[PDB]
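Read the single chain below, which is given as structure tokens and is the form deposited in one PDB entry.
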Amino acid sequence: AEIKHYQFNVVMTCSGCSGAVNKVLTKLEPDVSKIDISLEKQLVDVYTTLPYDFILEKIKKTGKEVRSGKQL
């Protein structure tokens, strides 16, 4: 029942970039995450019960550059 909030600074330079990241993150099994992406700010907010390493790994496996992440 603990929700973790992670925020990632991901290099997304078009709505194709942000849309791709959304597609992969919203398709994650099990369905235990809410995903909010701001193209303008280059931010991916993930609210989830999954660990930080796992979510980070899922984003890196898209090929997108992840400049930083953190737990809020």
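Positions refer to the first chain, counted from 1. The term rigid core refers to the maximal set of C-alpha atoms that superpose within 1.5 Å between the two forms. What changes on going to the form deposited in another entry:
If you fit the rigid core between the two forms, you'll see the Cα of residue 33 move by 2 angstroms or more.
Having looked at the form deposited in one PDB entry, could you now put up the form deposited in another entry?
Here you get just the chain by itself.
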């Protein structure tokens, strides 16, 4: 199956916010292969076989502001 690369600008200028994002992604193992969170750029990179819309909805349901997303 394709391992897609999604990138999101997520506002994580808040205590616990990067961890909230990590957590929802851990629940989607074993079909999430890699995640990167950069506080220097406020970016979350997700490498996964799962659909974009599903990753986006799960990140949004953390209540953290998702400014934009891309498939790369």
